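Everything below concerns the one structure shown next.
Every protein chain but one is kept in place in this view of the complex.
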Amino acid sequence: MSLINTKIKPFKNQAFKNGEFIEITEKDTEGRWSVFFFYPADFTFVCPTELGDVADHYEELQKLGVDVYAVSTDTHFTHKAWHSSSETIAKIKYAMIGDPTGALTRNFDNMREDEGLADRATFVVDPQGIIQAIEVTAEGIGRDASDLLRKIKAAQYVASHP
Amino acid sequence: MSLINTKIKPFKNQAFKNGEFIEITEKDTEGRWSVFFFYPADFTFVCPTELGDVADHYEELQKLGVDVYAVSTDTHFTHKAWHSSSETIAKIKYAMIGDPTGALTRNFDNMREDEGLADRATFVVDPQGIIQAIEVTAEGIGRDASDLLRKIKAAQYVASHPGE
Amino acid sequence: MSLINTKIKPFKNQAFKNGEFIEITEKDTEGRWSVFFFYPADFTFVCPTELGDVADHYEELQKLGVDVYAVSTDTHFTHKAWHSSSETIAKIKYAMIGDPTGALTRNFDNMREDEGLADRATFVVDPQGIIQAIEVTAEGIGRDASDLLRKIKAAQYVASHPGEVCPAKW
Amino acid sequence: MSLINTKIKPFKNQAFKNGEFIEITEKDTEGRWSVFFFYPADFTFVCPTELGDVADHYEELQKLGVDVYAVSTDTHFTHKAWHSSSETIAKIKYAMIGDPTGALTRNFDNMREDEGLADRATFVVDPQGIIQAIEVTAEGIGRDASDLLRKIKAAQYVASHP
Amino acid sequence: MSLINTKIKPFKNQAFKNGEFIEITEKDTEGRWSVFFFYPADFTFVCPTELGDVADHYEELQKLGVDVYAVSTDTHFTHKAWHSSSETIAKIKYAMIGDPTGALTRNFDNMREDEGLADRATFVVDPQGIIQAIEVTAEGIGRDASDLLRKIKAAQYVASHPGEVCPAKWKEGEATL
Amino acid sequence: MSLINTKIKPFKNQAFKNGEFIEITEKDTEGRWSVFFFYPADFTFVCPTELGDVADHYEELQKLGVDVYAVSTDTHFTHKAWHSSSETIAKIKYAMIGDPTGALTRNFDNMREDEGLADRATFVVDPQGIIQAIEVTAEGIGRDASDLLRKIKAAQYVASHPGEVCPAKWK
Amino acid sequence: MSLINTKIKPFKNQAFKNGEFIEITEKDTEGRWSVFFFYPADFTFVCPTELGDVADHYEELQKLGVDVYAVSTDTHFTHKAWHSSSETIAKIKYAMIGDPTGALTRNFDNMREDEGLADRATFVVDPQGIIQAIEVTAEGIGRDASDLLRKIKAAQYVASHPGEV
Amino acid sequence: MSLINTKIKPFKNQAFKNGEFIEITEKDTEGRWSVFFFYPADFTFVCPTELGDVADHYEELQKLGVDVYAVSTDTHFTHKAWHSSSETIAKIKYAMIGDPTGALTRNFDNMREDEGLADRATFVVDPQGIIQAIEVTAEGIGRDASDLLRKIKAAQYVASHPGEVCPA
Amino acid sequence: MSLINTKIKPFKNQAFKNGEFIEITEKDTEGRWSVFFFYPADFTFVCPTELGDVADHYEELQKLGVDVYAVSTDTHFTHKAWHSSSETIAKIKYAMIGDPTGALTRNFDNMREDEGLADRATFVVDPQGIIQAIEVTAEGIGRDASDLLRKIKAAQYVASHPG
Partner (left out) sequence: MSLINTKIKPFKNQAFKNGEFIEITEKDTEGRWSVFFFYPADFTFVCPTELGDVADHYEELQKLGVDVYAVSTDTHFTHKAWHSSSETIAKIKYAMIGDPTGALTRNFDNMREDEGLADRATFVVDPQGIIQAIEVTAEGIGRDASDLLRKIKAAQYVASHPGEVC
């Protein structure tokens, strides 16, 4: 029932990454640190800072051995369109996963069942697929990227010093 | 069992229509001839001929009192963006309903359960909410708007001329 | 759930085809494009234009490797009589399948349960038995054979090609 | 669970009788003697001698207060066409009921499930809707209308002589 | 679920035939024509004309290769007694099957459930066990053996000479004259 | 599960009694002692000694207020025929119930399901419908009528003198 | 459904028989005529004439090759006490089976469910374990031992002579 | 699911008490303290010390308002016979309930299913029918009547009290 | 399925707050901002800073109108003992709820089913009972109190003016 300290479930989703489409599965995450950054919808007026802030810290995340996977219930097709429309989103070098089925979102118990959109949840996952940190916020409340990085560092220190 | 000659089910969806966001329910379809034009996805590399062909026949559809509802599992936000970025979709003066939940799509039994996208379906609906014509096609196979237009005229004629 | 992109189910019906009584099954549709043209009843006062239009395009459909199967819940005996009586139905050189059991009609979820008659539904089926197009209409709303033929041409092109990627003409 | 000495179940079928379409129900049978003459199909290659043989005795049946209801799984539309087609079927003054649903045929346990056609069965039914005689035969074994008339007269004698 | 054109179901009953008792099963009906002649009860005040009619045609039936099995829910013991008591039944040289379980009567869907007696029914069966003719009547409505015998000869003709049924082709456009 | 000390269930059967057909129901057994004497079949080769033995003791049973009901799955029609044919069965002045439905036989859980014949069982029933004595035997094993009479006298004694225990004394 | 002409079911009960305790199973009944004499309870105020009557006929039952099994829901301990406490029960040389579980009683469909006691039922069982005679009575209605013996002789004669009446 | 702190279930059994036969129900336990003293069987070779030990404290138990109910799967008839045969059981002036149907034994989850006999269990019950103390022992492990009597006094002391808090 | 933006479920737990035992229910949280600070166990060799960190920021939380509810599967009796034992836990002015049934913990989907202890989860709740923020970490990975304060301020800002 509690998702913390449990293994991520298998998936197969299409994504957009650096001007091309790819297929991403649980096989790709294993052996590496992973960040599943869920959010409600592309092309929303509200707050694209969240994705842009993570894009500003991406070279630090690559040095720390972390992959970022932005996820929403929109298709990989619209991620490509949104990546060309907005200069905040255009900075994103990491994968933007499309989840129209809601299967990846439902593996993390993160669906707004009334809206058909994912809640603003972030899941730090280790090389064995175990979820080490969770952070969820309501609509309008932002997640600051510096706090994410602190939990990544904190999880990595605990990984090598039990 | 078939959806032909059954009543449409209740729904509540957000939609984009002529530069403005609106909520559309089954109450809005009551008393109106309604075309529910389902399609898989916005921003695909497939040509937007199906939707553009309906847009070319929209003045003719307006003379028959027909409301067109383009439906996909994309958000109404994504519909606005597509309407701005595409030359063919910019012509659309009819409602583009967003269906992220899939509730509207599942009311017409029209989901691709593997993909989370609607199949290419067209449902002609009369003022009492009764489905008079159904047209479904596999991916790639387009549907003709003048054929849809012919089907609406026939449905209106049958309603107006009981028995022959 | 939709019948689109599903495999057709097995059947064994008797049919009238251009003088002979024959038996048709799902085996006969394998390796061939197929059209299952459901209609309500023989000897009604509704115009048979639908079945006559398909007969006019039957040369072209045969060259496209397409078999046509007109279906109703009447018997193959009744089809023969209607083929002799009606001047429009006399044109058809394709199979008129009889489905008094309603088994073939119920495979395509096309029964008017109250009437015991099939709804007005055309199904385009490919060589692997997969339904590529569906068209259903209420009483009095005809279907166009030119539209049907355009879809078959489209379905054959799409089967022979990958997903479409638009040029600069649209 | 034999049908003999059981009441006929309700029905509502379209029928053809002397150049017009009418609706027949169980309400139309009550008060009068009835013959439910089931047969396989219209427009068959097999002779309509059985149906014409009842037509030859129909004036005699009407003297005895006996209605004839010829039943089949074809529509009432095909009955009209077959009535104008065949000289033998043109003699039919009685109702030709259409049973495309098979409901009337199934009430008499008379459906060939493999073929969707009624078997060659004749039922004699009294004014209270009670089945007094049953006759079913295979394809090519004839039903003698003279034997049918004997059984009705026998049944009518028994009704008046407890 | 019509019984016509269906195979007869297996049975095992005790019967009386020509002053002795025998067991009869479905295997005894193989390769021969069979008449199953159901009736309500022995020792009733109703006319025994129906069993006598078949006994009068039994010499003719045996020449057509047709066995007769009279059946009721009475015992084979009771059948013997009635064969000694009544001169009409005393004529019967065919088997009188007892069916106190009702299993044979229920195989032919012929039981009066409220009475525990078989209805007045005649079933014609071919060498392959397939029911070719069914006749059922109420109390007092007779069955004449001449009509039965006609149907047997018709069933035998159709078996030996299939496709020689009356053609509707002496009528409508195409004719044979 | 046992039928002892349970009430007899409702029934309606046609019967033969002294050259006359009559209907017998549970209402006819009310307020009187009743013996239900089940047996397999009329016209059997087995000796009908059991029915003849009850016939001999029938006067005694009538003086004790006891009605006897012979039961089998044969019809009342065959009971009449068996009554005139057999010398032993001609002595029967009591009711011979027919049970071709098997309903009365199954109320006493006494049907040989594979034969469609009742087992050879005797049930003693009091004025209130309560079964006071059961006796069931296999084929060949005979039931004694003088033992049946002793059981009825004991049942009638216990009904009249309940709360009776064993005595003891001397001197 | 009738229990006549059905095979007895397996059981395992402790029993009292002539000064000592023994275990009785269905295997001990194989190949022999058996009488299962069920009764309600030990130490009741009703006369034990039933059991005593069977004890009086025991020499004749041994001649016929019959095992008598007196059965109640009391324990074999209670059977021992009753055997030394009553003159009529002290005559009993046959096995007194205890059935506190009620499994033996329920195998013969003979339990008074609201009392937890067996009904007054006698079952005659042949060498193949098949029940050939049943007899049940209410309280106060005695079972005759001469009648029981007559039925055993009839059962043995029919077993040995198939067909003849 | 422990039986502790649960209300006793309805029952209707016959019993031997001091020469008389009587009927005992759950109605008879209302408004009084009760001891249900289960045991396996009458007339066994096992010493009946447990029942005689409780009989010696019965005078003290009655002054405390405590009824004793010895229970086994044997009949009330068998209790009467056992009462006369043994000198130890002759001391018992409390009710000896028979439970041949086994319902009262099964109400306290105390049946040896494959033997058809009750286990060696003691259940102390208060005036509201709530079970305050349970004791179960295997074969040949005796129960102390003095220990039972201590628990009753404690249960009566605590009955008229809230949560205990130690003085030190 | 997601707990975020859902109402808190009813509860009734015994708590220890400033030297007295009090019963806390959902009705006590109604009309006020609430923080449900879950943790594994009392008397652990693990860092007790997490509880003391919140106690150091408690004056600032009281100005913002925030009630803190520390929750574990230990008894309220145990919380009292731990409040007397450790000088770090002695600083705690706020209510320490005991949850031996696991009912309150299972309302927030926060039970380690194999351990019978609550995970290190923090739930910010508004006056209407709606969960506005969630934070869960594994064993060893701490939660800083300054981030909790920012999420409360951000949640309050969004409540005052949504736009």
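Which chain is which? They are A, B, C, D, E, F, G, H and I, in the order written, and residues in each are numbered from 1.
Here is the rule we use: a residue touches a chain if its C-beta (ideal position, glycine included) is under 8 Å from a C-beta of that chain, and two chains touch if they have at least 3 such contacts.
Any idea which of I:6, I:25 or I:101 touches the chain not displayed?
I:101
List every residue of chain I that touches the chain not included in the displayed model.
So the residues of chain I touching the missing chain come out as 41-44, 73-75, 77-78, 80-82, 85, 99-102, 113-117.
Touching the hidden chain in the full complex, which residues of chain H are there? Just list them.
Against the left-out chain, chain H lists 1-5, 45-47, 106, 109-113, 119, 121, 131-142, 144, 147, 150-151, 154-155, 157-158, 161, 163-166.
Definition applied: only the chains that are shown with their structure count from here on.
State which chains count as neighbours of chain H and simultaneously of chain I.
Common contact partners of chain H and chain I, which must touch each of the two, are absent.
Could you grab the centroid distance between chain A and chain H? Build each centroid from C-alpha atoms only and quote it in angstrom.
Measuring from centre to centre gives 67 Å for this pair.
Taking the mean of the CA coordinates per chain, how far is chain G from chain I in Å?
That gives a centre separation of 74 Å.
Listing for chain A: what residues touch at least two other chains?
113
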